[PDB]
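So you can see what is in the structure, the chains are spelled out below.
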Amino acid sequence: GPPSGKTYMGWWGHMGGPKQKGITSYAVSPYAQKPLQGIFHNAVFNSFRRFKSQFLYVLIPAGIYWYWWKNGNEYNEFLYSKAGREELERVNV
Amino acid sequence: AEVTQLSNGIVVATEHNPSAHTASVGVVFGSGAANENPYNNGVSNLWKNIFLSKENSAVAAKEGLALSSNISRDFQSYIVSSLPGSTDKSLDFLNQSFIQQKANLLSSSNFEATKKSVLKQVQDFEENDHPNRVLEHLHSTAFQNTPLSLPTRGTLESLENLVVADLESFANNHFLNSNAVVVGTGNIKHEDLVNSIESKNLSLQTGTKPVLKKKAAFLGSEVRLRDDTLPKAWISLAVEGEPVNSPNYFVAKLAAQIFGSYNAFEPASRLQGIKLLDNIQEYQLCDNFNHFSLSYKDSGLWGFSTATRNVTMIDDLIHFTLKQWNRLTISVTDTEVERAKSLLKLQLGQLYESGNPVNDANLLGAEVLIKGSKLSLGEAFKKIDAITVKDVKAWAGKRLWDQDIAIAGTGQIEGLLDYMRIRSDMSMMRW
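Here the protein sequences come in this chain order: S and L.
Just so it is clear: in the first sequence, position 18 is 19 by PDB author numbering, and no numbers are missing.
Just so it is clear: in the second sequence, position 409 is 435 by PDB author numbering, and no numbers are missing.
Treat the hints with care, since some could be wrong.
Derived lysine to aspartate or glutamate pairs resembling EDC-like cross-links, with alpha carbons at most 16 Å apart [what the hints assert, rightly or not]:
1. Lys258(L) / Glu362(L)
2. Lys20(S) / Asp324(L)
3. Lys400(L) / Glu379(L)
4. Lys419(L) / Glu362(L)
5. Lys146(L) / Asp192(L)
6. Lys115(L) / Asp218(L)
7. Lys416(L) / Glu379(L)
8. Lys128(L) / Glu186(L)
9. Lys20(S) / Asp254(L)
10. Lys22(S) / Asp114(L)
11. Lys226(L) / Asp100(L)
12. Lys22(S) / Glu183(L)
13. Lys408(L) / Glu364(L)
14. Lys35(S) / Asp430(L)
15. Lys367(L) / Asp411(L)
16. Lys22(S) / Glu152(L)
17. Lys142(L) / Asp100(L)
18. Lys22(S) / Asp218(L)
19. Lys241(L) / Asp100(L)
20. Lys235(L) / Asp100(L)
21. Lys397(L) / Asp324(L)
Selected chain L positions facing chain S (in silico; Cβ < 8 Å) [said to hold, decoys possible]:
22. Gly246
23. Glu292
24. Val337
25. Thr338
26. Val394
27. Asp451
28. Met452
No lab work stands behind these hints: they were computed from the structure.
Here a beta-carbon is modelled for each residue, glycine too, at the ideal position from N, C-alpha and C.
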């Protein structure tokens, strides 16, 4: 097969990261490891941490656009009622 | 040949070889590297090297006595070799070296020079001897938080904290009467050694060594010492083996012998009768490997260590090796068992009946410390002849088929995959 260009991911053995030295791993078999030991206290406190650091960036745009949609929908159902029909007459023309 | 044994609190066990030209006489203690907490670690190495110190070796060499020592997981030894006419001189020297005094060996200058030398040797071992430090990390992660995990060599961070008080505390707690066996191998008679010990006094201590609460327990884990600036990729991999005094001792060793050892550069090593070689020689997956069946007092290890330069095909090496390991449970043939019988008779008779008396002294001391008497080689050959294929299949189903493994590696081990594919390759899914 032909050669190809320089990529930024190699394969197992020549992956292409920087050379690393003196960094040791430690892992235990999952047969001697108890899974889901960290669901209780975890799904409460870590989930509250993940919500607290991260909710306000979602809650302010939702608040802005929901308030703007609600004000627009309220103004719609105002001016297509009997009370605002002359205003509908002057803004539709 | 014959091995005799007698007792007075000390244990005197010999092997009168009248054909040999030397005679080794020494004491083999029953403490080892597995009897240290992780803060005084390496104190046995430091006793080895103050016994082999320059002043002590000079005083030994004045009479024509060569010293020798050994630090294992289970047993220490302190062996003095001489001509067969100087067994009294060797006993009196060993008496003067350990029993009669220790303060002249433990002077300030001798201790500081020896601590400097062992710190140099441990650093040189740590950064230059790669397959042995892989095997030491394999022990350190197979048996972790448990006293069989401690290396015999000691660690740099602990060994620079030892002072003379720890040496004396270990000596008072482990160099004892019941803990020791005095061994004479080579060209000495048993009656001469017993009459010469009773001619002196040679009483080491009162005895009754620490119990050591934790019992060794295997723990499947891994450790990865990845160093990209090394030319090879050294990797050991083992399961929980058989300890000594087990009925599956020779079966575990014969299972190690089935897949043998290999060196890719030797021509007669590439032609062995192993079915792993047909898979391993095609794309040159490794440079060497050896299958080991290590047996300790509490537990053991069974696995293989290897080294390779083909760092992109390490997973294929592990894959074909472990599929060959899975062949033991299902379909190991009769001819492989007969071949492993013949080769294990060969290497076992080379090990126990080599010409060197100090190795005989180490082996006899370890065996009569653990199991009270030495099993002679003829009964060992009968026990090897009693093994059938069904025994190997039952042992492999007990110990190999879908059991946890322990992995240690250093060098360019990025090609080595995760723990889970290596663990899941222990069972074939096709059986």
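Output the numbers, in ascending order, of every earlier hint that fails for this structure. 1, 2, 5, 7, 8, 10, 11, 12, 17, 18, 23, 26, 27 and 28
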